[PDB]
Structure formats: C-alpha cells, structure tokens
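What follows is each chain in one-letter form.
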Amino acid sequence: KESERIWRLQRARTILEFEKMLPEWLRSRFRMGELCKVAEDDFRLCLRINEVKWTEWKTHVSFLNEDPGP
Amino acid sequence: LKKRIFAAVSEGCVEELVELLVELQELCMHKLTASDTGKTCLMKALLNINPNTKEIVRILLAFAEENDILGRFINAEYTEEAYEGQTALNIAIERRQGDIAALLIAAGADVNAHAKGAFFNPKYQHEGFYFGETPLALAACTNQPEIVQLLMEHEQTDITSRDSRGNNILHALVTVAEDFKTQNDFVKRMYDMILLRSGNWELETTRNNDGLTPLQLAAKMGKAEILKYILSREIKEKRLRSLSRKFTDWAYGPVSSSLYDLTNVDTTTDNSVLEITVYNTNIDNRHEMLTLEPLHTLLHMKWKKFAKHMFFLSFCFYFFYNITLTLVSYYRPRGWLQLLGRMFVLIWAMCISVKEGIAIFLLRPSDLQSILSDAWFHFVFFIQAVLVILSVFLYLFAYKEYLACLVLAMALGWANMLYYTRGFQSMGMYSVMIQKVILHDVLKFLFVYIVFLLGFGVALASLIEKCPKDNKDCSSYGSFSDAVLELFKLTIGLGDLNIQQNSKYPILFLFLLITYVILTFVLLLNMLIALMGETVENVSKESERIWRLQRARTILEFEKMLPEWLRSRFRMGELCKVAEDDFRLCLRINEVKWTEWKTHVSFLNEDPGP
Ligand SMILES: CCCCCCCC/C=C/CCCCCCCC(=O)O[C@@H](COC(=O)CCCCCCCCCCCCCCC)COP(=O)([O-])OCC[N+](C)(C)C
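If you read the sequences in order, they're chains A and B. Counting from 686, one number per residue, gives the positions in the first sequence under UniProt numbering. For reference, each letter of the second sequence is one residue, going 119 to 146, 159 to 464, 480 to 755 in UniProt numbering.
If we strip away everything but chain A, and leave its shape as in the complex, we get:
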C-alpha cells in the first residue's frame, strides 16, 4: 500500500527537476487562463477543476458564471 505514493513522490521530483532544467524561455506553459475572481486588478492565475458528487443536492449560490461550460 505504501507504493502508490512514494513512486508519485519520485515522479513529482523528476517533474520539478525537469521544469527547472528548462531555460528562461520555453517555460511559458502556465497552468490555465488568467481570469480567477471578481477583483478588478491582478487576476493572477487559476486552475479549473471539475468535481462530481450526488450527495449535496443544494441550491448553488456561490456560483460565479451563469453559463456553464466553455
């Protein structure tokens, strides 16, 4: 059971080492988009993650965009 993690730790170390091996250019492969929140300035970065769960069943009020999807 203690093998799906340590291997992923080694994989993460290799990923970060390979990213550090990249020069000052060619590193312009950031995560996702620019618009993050309602702040008028310095939106910084964001990372879209989709989650599915059939147990809450509540009205969505903290939503940000009326149109789902792209």
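Worth flagging that the hints you see were computed from the coordinates, not collected in a lab. No false leads were slipped in.
Short, incomplete list of chain B residues facing chain A, as computed with Cβ under 7 Å: (1) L177; (2) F249; (3) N273.
Derived list of chain B stretches under chain A, where covered just means 3 residues or more per stretch with a C-beta under 8 Å from a C-beta of chain A: (4) 253-261; (5) 307-315.
C-beta: ideal position from N, C-alpha, C; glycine also.
Starting from the structure of chain A, add chain B with the ligand where the hints point.
Only chain B with the ligand this time, still in chain A's reference frame:
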C-alpha cells in the same frame, strides 16, 4: 434600458423592478430578451437565487399577463450552440425551487421541452451532465420526487418522450445510476415510482438509438443495483401486476417458490441480458451482475443440461488429438492402419483452424484489452492449428524445416491442454491464478533479470583476453553468448563455479560474479517468491468469480455452437403469470428464510409443490 433591467434581477430588488418596468412598458414585443443567447429576463433571474426571487418572478409573470403576451415569455428557449433547448423550467427545477417550478408550470411552461444542447449531451463525461434532456428526467435524476409527481399528472406531459439519443426517462435513470457508495438508492426509487405511475409496459419495451431496452441498457452499462431491482421486481397490488417480473407461485412456511420472467433474459431473443452481461467486457462489476437470481440459475441449468457434455467431449477430442499427434511425431520413420492417426490430425487441425479463424474474425478489439484474460487461448489454439497445417505443408514437399513446426505444435498443444482445467473448480482457480501471476510479476522479474543478465554477461565477457596457442577451453566466459549462458546456468543452480578463468583482472571478475549472485539469487528470485504470495493473497478471494465468468463464456459459446434444432431445451415451463395471453417463459426458484414470518398474500397458487 435592457442592461438596467437585466442586471437588477440578479440582486433581487422588489421595489426597483416595478419602477424600471413602468417606464419600460410606457416606452412603447422584443424588449426583455437577450440578442446573443436568447436569455429571457424571466429565466435570467432563476440562476441567481436570492430570497426575493419568487417576488420578482411573480411581478414578471403578472406583467406578462397584463399586456397579453405570455406564450413567448415563458416558453422561451436559448439560442447558443451549447444550449439549444434550455428554458426557465429546466433551470428552475435544477435550483430546487419547487414553488417556482410549480408557478411556471401552472402559467403554461413547456413541459415537453427538450434541452438538446451540446453541453446537455456530453461525450467525455467531464464537461457536461446528461440527465435525459427533459425537465421531468432532470427532476428524476436530481432526487426531486415532489417535482416528478407534480409533473406526471398534467394535461400535456409526455412520459414516453425520447430525446436525441433515443433514450427515455427510464433509460436516463439507468445511465445516471451508480453504486451505493457514490450516490444513494433514489434512482431505483424514482424508477419504481415513475414506472408504477405510468402503469404500462411501453416504457420498458422502447428501444433507444442503440437497439437496447432499459433492462438491456442496465445490463450493458454495468448497473447491478437497477438490474437486480428489475429482474426481481415483484408488485403486491393487483391493479398492475403484469408489470412484475417475479411472481411467487406459492409460499408454505419458510419455503417459497417464485417464477422469474425470461422474456429478454434467456439467450433466445438475439441481444439478451445474459449474453450482454457475459460477453461484454467494458465493465468492472461484471462478476457481481451474474450473481442475480435468474442469471445464475439459468447458467447452472445450462451447464447441467448440455454444456457439461459438450465441454467433456471437447476435452476428450483435444486430448486424443494431442495424443495421436505426439505419437505420430515422436514415432516418425526418421502404415495403413496407422494412417488414420495422421489423417485425423490433419482433419482436426483444419477444424480448429477454421473455428478459431471465424472466432477471431468477429472478435471485438475491446475484449483484446486488459491483459489477454479472455482471448489468449483463441490465439494459441489458432497458432497450434496453423503450425500443424504448415508442418504437413512442408512435409508434403522436400522441406527440411518441417520438424520445427511439428515439435512446436506438440509443445504448444500439450501446453494448451491446461485450458480445459476450468471445467473443475479447483483446477479453474489454479489456471486463472497462473494467468494473473505470469502476467503481473513473472514478466517484471523476467524484464529486470534479463537486463541484469545481459549487462553482467557483456561485462564479464570483456574481462577475458584471447586464448593462447593450442588452447581453446581456457575460460567458459569466452564470448557474449557463452558468458550469458554461464550466468543462466549459475542462476538455475547447474554446473560448477570455476573462478580460474583467463581474466586479466580475476578480482574484478569475482566481484562482478558475486554481485550477480546477490542481485539474482538473493534479491530478485526471493523477492519474486515474496511478491506472488501477495498476488495469490489478493486473487484468493477474486477467483470464485473470474473462473465462473470463464465458465459462463464457455456455456454461452457452447450454446451458440448448437444448430437451429436441438436448442429446444428452454429453462422451465410456459405458465408465468395471470395474463390471459402470451405467458412467455418462467424459472422456478425456491428460497428458504426463517426471518420474515409474515402472512403470504402475493401468492399465486393455493397448492404448494408440484
Ligand atoms: C531465473 C532464470 C530463469 C530463466 C529466465 C530467462 C532467461 C533467458 C535467457 C537465456 C539465455 C540462455 C543462453 C542463450 C544461448 C547462448 C549460446 C547459444 O547457443 O547462442 C545462440 C543464441 O541463443 C539463443 O538465441 C537462444 C534462444 C532464445 C533464448 C531466449 C528464450 C526465451 C524463451 C521465453 C518464452 C516465453 C516465456 C515462457 C513462459 C510463458 C546462437 O546460436 P548457436 O546455437 O550458438 O548456433 C547458431 C546456429 N547456426 C550454426 C545454425 C548459425
């Protein structure tokens, strides 16, 4: 003016809306409608839920009633490509606003509106949510029973509506169904409630755009809970009892005999539930779906009727074919009465070759996935057959390379005889555990061992100089192949360890030899023994099922091998229920349980037993 009234409904203002509406009405119908996506102001306020949403919705509906335009207001669809049929009722039902949905429906909302947008019909199940493309289907899939019951009894609701995929509400409930861990059992309850309220068989006999009923769709998609409910569906009330699939013929004490319907379950109606459950491969819960009441019993009776004799005959014929092939190949000249053996070898090899050829030609590329757990024996039987064919093909002419194919055919044929061990239980577990072991950790050990063997073999072969004059047996690690063979002989424990080779650095030679000894004999082999203990520990419990899956596959294949006649060995009887016509089939199953202790009312026959 449009933006002022569109940005105010989100915040839910009850006093600014009337002031913004009186001047809008007195300005003049194409006023409260977005020109890009068709987002009408009525449904605009539904996504932004505020405590004053109900009030402003009522004011909007009253204003629409007072200016004699309501049809285009409440039955307003979208315009975007991603949303082709989303309406006010759809988003109101999703927001769990039963009162708002009731107000819209009572005002003349489009109940049979289809949300046929691309977002509503996803392809990767990550960027969309499929519910049935119907407000009623959405209410059923989102665990909103009050909205469903409010929707069924209406003057224009179409329960039997089919969306762009051909699915209906029962199909959609089957697709959105899942196990008890991820979601609750509300889908089965919704399926039961909607089916009982409809009160007809047209919902479960309607095929979508795939040639599948909701029962067959539940069998294909892997929904074991919904299939368990439908297969053993018993309805106590007499007003609609033809909708049941299980009928209790009699129940005397803690002994009850139930009749199970076998309309599309038994493998006699092309695409059946049993064939779909067994033959398909793109599911993980295949083992638990075959444990249901009708399918298990049907497989048992099929095995005890015709599949046992067919499997025994196939075993005997292949055993005799392998025996006579071995006898005519080992006793080669290097015979009129002995010509029958080789002629039978040729005939049976051709029969196996054509059988595997027609079984590979229609073989899907989906069961070829995983790791060769359901099609490997087909390939090796075909390879053995064509090896015998090629052996006699080269034996007919003057080809010296004919004994290699024949010997390989003997070895493969005697190796292929372990397939028939699945007829018995314990040997079946042994065979499937051979399968998992030889693919899980034997391959990894072989890969690592070959890397070490070739690396150390080429490292040792470079440490020995050429032999002197009149000498050829100076060192056993002469070439790369010789060093590899010596390391392989050392690994299996054969031969004698000689360290007096013609190496210019004998200390380094011994160091590399001892390093190979440790890495292979101490580390790799013993860790392999330790690893396959974990493997046989995990597959210890996962062996009573996979073997039964292989047995069910053999039973269904043997039944398909039967001709159009001789297949008249159906399950049990004809009388199934009280229906006056088309009794179809039945399957008597007796159950014993000493915990209910209830009066039997759903009984069918007063006299128990035969
Ligand atoms: C823990 C350890 C256990 C084993 C682990 C594995 C160890 C593997 C290691 C094996 C190496 C062993 C020594 C190799 C031979 C060297 C000498 C030699 O004859 O060289 C020959 C090459 O020889 C070959 O190519 C041999 C045949 C293939 C070897 C691999 C078989 C794998 C079978 C796997 C089956 C599937 C798996 C089975 C289960 C599903 C050269 O030919 P020759 O004969 O010198 O003469 C030339 C002929 N001529 C004159 C006509 C031109």
